[PDB]
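Note that one protein chain is taken out, while the other chains of the complex remain in position.
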Amino acid sequence: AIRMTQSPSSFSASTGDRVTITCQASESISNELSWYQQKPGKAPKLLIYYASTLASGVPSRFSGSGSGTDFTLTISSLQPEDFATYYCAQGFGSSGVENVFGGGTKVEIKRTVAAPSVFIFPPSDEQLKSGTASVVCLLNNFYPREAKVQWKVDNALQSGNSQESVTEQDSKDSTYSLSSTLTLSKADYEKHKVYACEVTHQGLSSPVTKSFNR
Amino acid sequence: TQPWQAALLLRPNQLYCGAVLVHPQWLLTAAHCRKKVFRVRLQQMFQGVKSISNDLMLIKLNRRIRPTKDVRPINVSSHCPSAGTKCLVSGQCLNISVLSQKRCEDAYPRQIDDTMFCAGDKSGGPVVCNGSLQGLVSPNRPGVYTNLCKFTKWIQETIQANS
Partner (left out) sequence: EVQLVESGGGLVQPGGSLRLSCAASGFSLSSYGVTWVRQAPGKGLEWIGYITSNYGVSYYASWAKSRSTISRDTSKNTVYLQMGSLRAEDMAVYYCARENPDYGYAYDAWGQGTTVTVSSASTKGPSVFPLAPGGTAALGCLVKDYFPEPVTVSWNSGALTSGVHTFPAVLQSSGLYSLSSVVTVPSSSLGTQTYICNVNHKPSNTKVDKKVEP
């Protein structure tokens, strides 16, 4: 009945900082411990095995330590492409085990403030022939996460009609990007003419609006 | 050494199974040594008076032996052995090292579980690690041994009910 636990669940540090994350076995497992990195949307990849030996191709800033019940994974200097979730796994025994993996530690990267490159995209003709209009505001390559986008058509506030969606920190500049989609009936799209998205990032002097009209 | 080692004999020098003196009137051995007729060689020559589970067997001796230097019991450890620990298997003594249980899982045709441990390098006999009994003897494959730490109570119980 070996149980594995990781700590913390979430680890935020800044670029270049030293990162240390832990893993614990409910019973001794000697050095039969492995660490896996899982980048967003990808299979896990083996980083460390026998508690401390680096796998081929793993950057030397990674290292691992411990023997028995308490284990450590360490990133000597946090790089952007280290954004991932990290799992440990025991390979000591398989019987009476609920899970060989620990719960994982998500590493998040703190960077300098970056400014949202805002764009507006008007609906497609193909979509309008179907009877539904979709205007989309793109906020590219900014940081930190929160920032608000609000929609005003004919400078009237719209509500209960907007979907919003944000990526995860980019693997090389550690930024976010975001989509705001105003979806309307093509009737209401043609009735009105002014089309405006309200941005509110803590990187801008004051709200930038990108916008169009037919 | 090996003052705890004992031999189970069939009529009359048919040597067949080993056993380990765990208390001054008690032997431990493997289950497949369940003969309903045996004698004991510990030296002194005794008879079984009680035999017991499907993993190990306790044997109560007719006489309680006075702990000597040529005959003395060995304590059954409650600490399970950890991989890397070095032990000795006797019954002619060979040195062995506890391994991960997955080495035995990967190599054996049946399921391995907690009630065994995996060990190897270069029946009824003892596996002694830190000076205490930690296992019993169940090609170039690692050996599986009975993990006595998981049984420390079944023996205590079984002794109280036959004492």
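Per-chain residue numbering starts at 1, and chain names A and B are given in the order in which the chains are listed.
In this section, a residue touches a chain if its C-beta (ideal position, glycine included) is under 8 Å from a C-beta of that chain, and two chains touch if they have at least 3 such contacts.
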Per the whole complex, from A:11, A:36, A:151 or A:189 the residue touching the absent chain is A:36
From A:65, A:127 or A:211, the answer for touching the chain not displayed is A:127
Had the left-out chain been drawn, it would touch subunit A at residues 31-32, 34, 36, 38, 43-46, 49-50, 53, 55, 85, 87, 89, 91, 94-101, 103-104, 117, 119, 121-124, 126-127, 134, 136, 138, 140, 163, 165-167, 170, 177-179, 181
Contact residues on subunit B toward the hidden chain run 100, 102-103, 105-111
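Operating definition for what follows: only the chains that are shown with their structure count from here on.
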Whole-angstrom distance, CA centroid of subunit A to CA centroid of subunit B, is 56
Seen from subunit A, its contact residues with subunit B in the complex are 1, 28-30, 32, 68, 91-96
The subunit B residues in contact with subunit A across the complex are 82-84, 100-102, 105, 111-114
